[PDB]
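**Student:** Each chain is listed here by its residues.
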Amino acid sequence: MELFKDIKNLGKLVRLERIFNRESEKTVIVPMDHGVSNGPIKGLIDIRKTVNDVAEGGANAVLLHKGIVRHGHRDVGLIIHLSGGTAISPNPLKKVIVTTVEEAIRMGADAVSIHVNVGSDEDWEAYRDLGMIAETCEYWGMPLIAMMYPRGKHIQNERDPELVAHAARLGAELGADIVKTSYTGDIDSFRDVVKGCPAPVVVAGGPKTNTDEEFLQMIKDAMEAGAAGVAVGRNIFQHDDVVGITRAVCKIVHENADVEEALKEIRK
Amino acid sequence: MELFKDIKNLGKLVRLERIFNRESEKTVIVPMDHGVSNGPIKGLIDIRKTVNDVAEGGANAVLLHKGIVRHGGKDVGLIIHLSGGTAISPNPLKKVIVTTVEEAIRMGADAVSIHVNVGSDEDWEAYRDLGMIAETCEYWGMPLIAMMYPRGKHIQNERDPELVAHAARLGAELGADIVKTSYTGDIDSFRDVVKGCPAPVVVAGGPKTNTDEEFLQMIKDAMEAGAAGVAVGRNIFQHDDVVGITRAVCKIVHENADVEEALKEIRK
Amino acid sequence: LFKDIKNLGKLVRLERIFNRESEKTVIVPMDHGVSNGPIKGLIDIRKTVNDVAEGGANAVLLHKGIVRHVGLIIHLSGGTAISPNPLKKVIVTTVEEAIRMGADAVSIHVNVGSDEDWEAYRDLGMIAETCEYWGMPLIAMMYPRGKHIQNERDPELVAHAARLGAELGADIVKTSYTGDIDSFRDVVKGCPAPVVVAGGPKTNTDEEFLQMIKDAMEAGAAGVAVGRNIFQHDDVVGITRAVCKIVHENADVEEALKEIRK
Amino acid sequence: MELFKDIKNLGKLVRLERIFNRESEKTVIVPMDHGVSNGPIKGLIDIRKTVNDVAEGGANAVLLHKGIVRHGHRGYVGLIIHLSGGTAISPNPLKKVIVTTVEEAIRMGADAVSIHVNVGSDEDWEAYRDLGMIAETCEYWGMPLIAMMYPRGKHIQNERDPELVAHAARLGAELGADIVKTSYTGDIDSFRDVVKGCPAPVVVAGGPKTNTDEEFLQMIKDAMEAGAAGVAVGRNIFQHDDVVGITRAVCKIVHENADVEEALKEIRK
Amino acid sequence: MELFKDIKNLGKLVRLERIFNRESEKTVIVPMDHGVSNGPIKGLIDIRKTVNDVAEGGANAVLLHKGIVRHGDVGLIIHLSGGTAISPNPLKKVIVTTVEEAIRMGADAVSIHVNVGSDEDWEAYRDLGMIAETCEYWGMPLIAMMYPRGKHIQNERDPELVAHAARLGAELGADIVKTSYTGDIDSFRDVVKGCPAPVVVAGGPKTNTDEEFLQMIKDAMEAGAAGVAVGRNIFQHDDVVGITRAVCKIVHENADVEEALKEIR
Amino acid sequence: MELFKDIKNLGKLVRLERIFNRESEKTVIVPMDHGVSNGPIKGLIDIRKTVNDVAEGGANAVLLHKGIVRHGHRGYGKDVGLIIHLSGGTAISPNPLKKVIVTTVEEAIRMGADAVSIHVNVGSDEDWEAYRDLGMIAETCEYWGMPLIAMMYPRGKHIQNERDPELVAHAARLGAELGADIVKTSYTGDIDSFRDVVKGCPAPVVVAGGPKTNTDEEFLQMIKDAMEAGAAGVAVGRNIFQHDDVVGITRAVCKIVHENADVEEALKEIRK
Amino acid sequence: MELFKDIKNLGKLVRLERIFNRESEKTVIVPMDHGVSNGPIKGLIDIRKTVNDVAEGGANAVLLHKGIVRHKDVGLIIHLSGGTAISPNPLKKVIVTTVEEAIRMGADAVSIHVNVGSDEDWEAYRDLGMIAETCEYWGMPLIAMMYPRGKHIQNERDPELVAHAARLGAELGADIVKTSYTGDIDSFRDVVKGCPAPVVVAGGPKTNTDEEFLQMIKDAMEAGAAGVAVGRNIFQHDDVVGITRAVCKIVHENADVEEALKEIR
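Chains as they are written, first to last, in PDB author numbering: chain E, 1 to 74, 79 to 272; chain B, 1 to 72, 77 to 272; chain C, 3 to 71, 80 to 272; chain L, 1 to 76, 80 to 272; chain M, 1 to 72, 79 to 271; chain A, 1 to 272; chain N, 1 to 71, 78 to 271.
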């Protein structure tokens with residue numbers, strides 16, 4: 001598997017092959033950690049069902065907080085989130101480490117993820133968390149997915165091409181094996197994010213779009229820009245046909261299908 | 001016991017059984033930690049007596065700070085509180101960890117509890133405490149009860165359906181085995197709190213009500229909304245008939261009795 | 003008195019600072035040096051400790067540095091009047107250090123209501139656990155002091171402070187007398203741990219001071235922990251004997267005032 | 001419980017109440033750790049059932065190795084986890100090594116732990132140290148410690164010999180065991196010496212399956228008379244044709260001071 | 001997974017799902033740790049190839065020492087025990103690899119070898135007990151290979167000693183138990199029934215005919231075995247991949263020796 | 001090795017030889033950690049190539065963050081020493097001058113690095129926290145025999161001229177007092193003032209390159225002068241990896257640093 | 001470097017690059033740890049000089065005990087094992103230096119000595135396995151010197167025994183194995199093929215003629231050796247620089263014994 005030809009860590013390779021597709025060397029991750037920051041939103045109320053439908057649709061892995069896993073009436081990959089913060093907090097952009105890598109390992113997870121809002125108050129504390137966690141991940145052979153987003157007092161456009169690219173880069177620099185970040189709006193600027201970041205980049209889905217057209221076109225665009233896959237939550241689990249929209253996404257990501265052939269998977 | 005047929009932790013499994021009624025699979029917990037935050041209030045002055053009356057009334061467990069345990077029917081389950089903060093502090097909503105899980109274990113406790121005011125200043129620090137403590141509890145097989153409340157400079161209705169459901173979800177997401185929280189005011193909204201939280205939810209009693217009618221009706225409804233039990237303090241230990249009011253509560257919680265019958269247990 | 007205490011080491015050590023047939027204690031705190039500098043009576047500490055011991059005090063309370071030069083209680087808290095935040099207290103000595111010095115107990119100071127006082131709440135709770143493990147008696151000096159507390163002797167704020175200390179694990183609580191026997195009796199009844207009263211600033215007459223001790227004992231105090239009123243008095247030995255008369259022998263003020271010579 | 005009127009350890013107190021009967025202040029423990037040392041013997045093949053019947057009969061606690069607890073939890080008695088291991092097929096069958104930690108027992112929700120020391124066996128001093136050290140970690144965690152002390156080894160011809168049995172019991176108390184398990188010495192007087200010479204409550208072992216219920220129950224009755232704080236019998240209970248019944252018989256004698264004749268009636272033969 | 005519905009441990013459950021067949025709830029493990037104790041024997045010289053053929057044949061997992069893994079889809083079990091035939095005490099086993107090392111390598115389980123009856127075997131009793139605890143903590147499945155061997159044992163397949171050896175392993179914390187077949191369906195059924203943990207049979211030395219070997223597995227399965235852990239009889243065969251398919255037919259599909267031999271190419 | 005003749009640390013000695021030229025006893029280090037603080041800037045997009053060209057040009061060592069190393073083409077090309085950076089901070093942070101430790105010395109060691117580096121902005125907010133980091137890391141470096149390069153710069157709300165002689169000299173001295181083996185800092189603008197920085201600092205001083213200069217003349221002359229002031233070498237990034245001819249400009253730098261060549265001879269190494 | 005393509009450890013890779021010739025992917029190591037086991041023997045009295053001559057001759061690395069490092079560039083390998091000829095058990099080896107100590111000294115690799123077949127040799131098995139893990143963590147290359155030596159081994163050069171010992175080292179985590187030449191190209195080729203780790207040959211006692219020694223090295227390279235680790239035959243020679251150059255000719259340049267001989271003055 002060429003993608004991580006450079007990775008010199010047996011452990012990481014083994015677990016990585018459980019979240020990435022062998023043929024395409026791309027990944028479809030369904031993040032479902034919104035519960036912590038936004039409460040029980042649409043699609044994440046009956047988590048057991050969502051995980052099932054998404055798995056059924058062909059997702060390679062789900063990303064959850066440890067508490068949801070332990071209550072799990074569990079065949080896909082499991083990524084455990086280590087960051088926490090909420091929208092009701094005096095500082096909604098603050099993220100602290102709420103779970104350890106070791107805890108994720110003893111639960112059988114295949115990878116862990118951390119969220120860093122670059123530009124938020126005292127964001128340097130999160131820089132250190134990422135750097136340290138990257139080292140403990142390296143030691144345990146645990147793949148690390150760093151969700152890097154430009155966010156704070158002075159950032160008007162958390163999707164700005166320069167900022168998003170700087171943030172993804174930062175993530176690769178501090179040891180992240182994979183980086184999650186926002187699509188910048190156009191194939192060219194996002195291709196810069198991809199080229200400026202030594203680690204594979206995976207795109208976030210963002211808020212639920214008005215039409216499947218919009219959402220699927222963005223995936224196709226991101227893949228074209230060089231994305232190693234996708235990590236979308238809301239646009240999948242808040243969709244009326246979760247299994248269908250998931251298949252659509254897989255068509256685009258693993259089979260290079262176009263939006264038209266992709267839309268045929270959605271139940272009308 | 002169906003309630004926890006999802007727990008893959010023998011230790012927590014054995015301890016939860018000491019604070020949950022076998023046949024009803026519900027619990028009546030009497031929190032008596034108010035001393036730390038409010039001083040020696042009514043009913044918590046002669047703690048030894050209160051614990052006795054409450055045990056006599058049929059409570060499944062009492063919740064105390066380590067200092068009160070040392071000093072003072078048959079037996080009742082013991083839950084040791086780990087959080088501390090006071091009303092006289094410059095920041096009365098601040099909670100710090102004052103007791104360790106290990107201390108609670110070597111004291112023979114059956115569970116531990118933490119208090120998190122979601123929305124309070126630097127509340128993210130408490131997010132981390134919960135997450136970490138959840139892990140040490142998982143390791144020791146110690147049941148963890150997380151008291152989640154939406155309280156802060158920008159929350160005017162601490163009982164707001166949305167905020168409570170979010171607060172309760174956080175608790176479950178980060179590792180609590182059980183969550184005690186405020187009743188939202190009506191059966192429908194509270195049923196949303198229960199359904200949005202993967203962990204069993206237990207309701208708080210709130211300030212002493214004017215009539216037994218009010219109090220018992222609210223416990224009855226919470227049970228109807230899907231609560232796994234109750235964790236009331238003031239409404240029980242500040243009542244004229246502690247043993248009696250406790251029996252009333254047990255009638256409603258363990259026997260599904262209606263307020264009518266439940267009230268007969270109170271001597272006037 | 004300590005019938006509920008299930009710790010062999012705390013019992014053995016608590017017997018060195020408590021009168022056996024009276025079950026009360028007279029502690030002479032001499033840690034003022036850290037917070038106020040070399041004040042009257044604490045300049046020749048060696049002498050003060052001697053006179054106080056001579057007068058019958060059960061124990062002296064000092065910072066490790068002074069000892070390193080009756081029962082011994084080592085203070086773990088530090089803060090000064092010249093600090094930008096004079097009410098701030100940080101842990102400056104460990105329980106282990108006190109143990110290897112042969113101390114019989116340790117003490118911590120918590121200003122409930124001071125800035126970031128929650129940090130001290132945690133210190134007390136943690137130290138209580140390490141004290142429990144080592145069998146080291148813990149005396150928690152609880153005072154409601156802060157930017158919004160106009161009266162630090164307020165009955166209910168003081169009864170809250172004492173209770174807080176017991177809830178978090180102190181074996182003995184030091185605190186201010188509330189001004190009258192009834193309100194202080196509430197502090198005593200609301201606190202599961204034995205309460206000991208502080209002496210406060212030097213009073214104008216021995217009458218005032220000894221009478222307050224008497225009222226506190228009457229309110230249910232387990233003893234006294236006075237510093238300035240003893241080591242700043244003109245007859246250290248004598249005033250200490252007076253205090254012991256009241257605390258250990260239930261003597262009255264008029265019979266106690268008689269111990270003060272010169 | 002005037003039995004532990006001196007245990008100055010809240011944790012040990014709370015946990016001891018889950019294995020001793022409050023009314024009688026005595027205990028009926030059913031050890032089922034024989035699997036490790038003797039293999040799957042009669043009565044310990046379907047452990048889940050045995051634990052159930054014994055619980056049904058009124059036993060206060062079962063004693064098992066960690067590996068079996070991870071199965072035998074019906075959820076439908081106090082749990083004591085054994086920390087010692089050794090086997091009959093080992094070159095030194097009297098050797099015992101620590102195979103489980105106190106911490107492991109705690110995170111499993113156990114109410115107590117037990118250690119086995121063959122006083123007089125080869126390198127038995129190593130076990131002396133294990134007991135002494137484990138006693139301290141038990142003291143710290145508030146975990147009750149049951150020490151099974153038996154005089155066994157090359158120079159010990161009679162293992163139920165009163166002077167040695169009592170020396171062993173004294174050994175476990177001196178080093179910190181909360182409770183002592185040992186063999187009955189054969190007569191009420193000599194065993195009363197074991198009890199009086201040991202500061203810790205003593206509980207008697209059942210020994211090999213007896214030929215008649217008469218023999219066994221009488222032995223229990225005598226031991227109680229000598230001052231035993233209860234009983235810890237395995238084979239004589241789980242290898243019986245009516246586990247539930249024989250267990251009730253034992254409880255009658257231990258918790259209700261019943262006599263053998265009254266107790267035998269409980270055996271649904 | 002009906003086989004471990006009692007294992008109140010998430011990590012073990014997740015990792016065991018990578019060693020056992022969901023449909024049959026049985027396992028075919030190919031141990032290849034012989035190198036340490038016997039040197040580079042037949043079939044274990046070109047280990048890379050053997051692992052491939054065995055994987056190709058349908059084996060659920062391979063069992064190796066850490067060094068072999070690091071020098072170059080099935081499950082991976084890392085052996086923690088070491089000892090050699092050239093040692094003054096060939097039955098001695100010491101722990102040569104840690105559970106943590108196995109975890110950071112991505113292994114799905116670890117295994118330990120205990121010769122019950124060997125000199126100072128009690129030291130290995132302790133190793134098993136301790137390692138079981140560290141495995142419980144990490145959610146790492148533990149396979150304990152229990153064999154009765156030592157000075158007072160000549161029949162290392164006696165139904166008594168084997169059943170005890172297996173029981174011992176389960177009592178002390180292992181999640182699965184590897185052991186020798188006792189020679190007949192009835193005695194082995196006693197080993198299975200006396201051991202709370204799933205038992206898996208060892209293959210023993212290379213048999214003269216495929217008939218002998220495959221019949222041995224068909225019997226063990228009949229006795230109640232949860233699967234098989236055979237090395238020599240598979241990697242020392244002339245058709246590694248075919249004999250492996252034969253084994254899988256018997257273990258996962260309950261096929262008979264007749265319809266099984268038709269796999270060995 | 002004469003300049004490190006006062007280092008009673010075998011490991012440090014062994015490791016410093018893999019970053020310094022035996023004969024000139026000077027060093028040419030190419031820092032490439034800009035990615036963390038400024039994002040993927042010119043020349044640091046295809047890092048694998050840059051490391052190669054710089055190695056080809058004769059650089060003694062490259063300085064990178066742990067993440068960039070792992071993603072490497074660590075193959076044949078011409079072995080060069082590896083220095084791993086331990087400090088992190090970004091231009092998009094509310095406090096762009098803040099630096100926190102993002103990598104440990106132990107991690108650098110198990111990666112085979114020959115040295116580690118830390119960045120301290122003396123004068124920045126809560127800079128005392130970084131003082132402590134330097135002091136502590138110096139001790140762990142001393143224990144592991146890992147050479148420590150401290151990049152000391154005067155930057156803050158009250159420093160308008162970060163090349164100020166008295167300030168640079170203070171910052172460089174600071175690094176040496178707290179245990180750094182080598183100190184990286186800005187050139188002060190003239191040979192005399194910089195010679196004061198060098199003389200006031202017990203540790204060998206290496207100069208930073210600063211932003212890309214308009215002409216090769218400016219840059220190379222600056223280096224030539226710093227060497228004259230007593231610098232132990234150079235640690236330039238942008239002026240090398242952002243130059244059209246990397247391999248060439250690097251050779252130019254080596255000519256000046258290792259061979260005492262003059263600016264005019266040096267320029268002869270830069271392609272058309 | 002082709003030799004270590006399956007080695008997923010950045011640190012080891014880098015440190016091995018310093019003890020191996022990049023073009024020949026072979027190594028010439030000069031062990032000089034004899035002092036501990038045999039005292040100050042010929043050639044190891046003025047160690048400073050020997051290290052210099054050997055470095056001068058082109059050796060890739062020297063292997064020493066920490067005490068000697070303390071009191078042309080060349081890689082440094084620090085020995086971790088100790089035992090002496092005057093000890094009641096001369097074959098006993100205990101760990102006398104830690105991997106961490108070697109790292110803080112700037113070493114490029116560490117080595118351990120295991121006499122397979124010696125009394126309580128299983129204790130050394132464990133040392134190797136444990137040290138292998140700490141080496142893996144620190145990115146420190148580990149060279150395991152595996153030799154068949156005990157009261158039941160008469161020919162410590164026996165093909166079966168040596169291949170077994172070398173395979174033992176690889177299995178437990180050694181990166182490179184040092185062992186005795188078995189006497190002929192075919193049997194030694196079996197040692198090389200049976201061991202997943204690169205094998206390097208020991209020089210043995212000083213030979214009577216340079217012919218004997220150089221021919222031995224030549225056959226070993228032909229058998230597939232990854233290099234040589236000879237001490238006595240180099241530092242006890244009359245022309246150290248010369249004999250070392252001879253060895254390098256054969257190992258790095260595939261030169262024949264006739265041509266190699268030249269370098270000797």
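Calculated from the structure, these hints are not laboratory results.
Quick reminder that beta carbons are idealized off the backbone N, C-alpha and C, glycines included.
There's no promise every hint is true.
What the hints assert, rightly or not - Covered, in the sense of this in silico footprint (three residues per stretch, anywhere, with C-beta under 8 Å from a C-beta of chain L), are these stretches of chain M:
{"no.": "1", "region": "19-28"}
{"no.": "2", "region": "94-103"}
{"no.": "3", "region": "147-160"}
{"no.": "4", "region": "176-188"}
{"no.": "5", "region": "197-203"}
{"no.": "6", "region": "225-233"}
What the hints assert, rightly or not - Below are the DSS-like pairs computed for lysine-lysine, each with C-alpha atoms no more than 25 Å apart in a straight line:
{"no.": "7", "chain 1": "M", "residue 1": "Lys157", "chain 2": "L", "residue 2": "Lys157"}
{"no.": "8", "chain 1": "E", "residue 1": "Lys5", "chain 2": "M", "residue 2": "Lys199"}
{"no.": "9", "chain 1": "N", "residue 1": "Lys5", "chain 2": "E", "residue 2": "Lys8"}
{"no.": "10", "chain 1": "E", "residue 1": "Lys8", "chain 2": "A", "residue 2": "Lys224"}
{"no.": "11", "chain 1": "A", "residue 1": "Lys5", "chain 2": "N", "residue 2": "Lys212"}
{"no.": "12", "chain 1": "N", "residue 1": "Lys157", "chain 2": "A", "residue 2": "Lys78"}
{"no.": "13", "chain 1": "E", "residue 1": "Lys199", "chain 2": "A", "residue 2": "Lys5"}
{"no.": "14", "chain 1": "B", "residue 1": "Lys78", "chain 2": "L", "residue 2": "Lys49"}
{"no.": "15", "chain 1": "N", "residue 1": "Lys49", "chain 2": "A", "residue 2": "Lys78"}
{"no.": "16", "chain 1": "B", "residue 1": "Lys49", "chain 2": "L", "residue 2": "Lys8"}
{"no.": "17", "chain 1": "B", "residue 1": "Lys5", "chain 2": "E", "residue 2": "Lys157"}
{"no.": "18", "chain 1": "M", "residue 1": "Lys199", "chain 2": "L", "residue 2": "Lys212"}
{"no.": "19", "chain 1": "B", "residue 1": "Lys49", "chain 2": "C", "residue 2": "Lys42"}
{"no.": "20", "chain 1": "C", "residue 1": "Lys199", "chain 2": "B", "residue 2": "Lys49"}
{"no.": "21", "chain 1": "A", "residue 1": "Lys8", "chain 2": "N", "residue 2": "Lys5"}
**Student:** Enumerate the violated hints, using their earlier numbering and listing them in ascending order.
**Tutor:** 1, 2, 6, 8, 10, 11, 12, 13, 14, 15, 17, 19, 21
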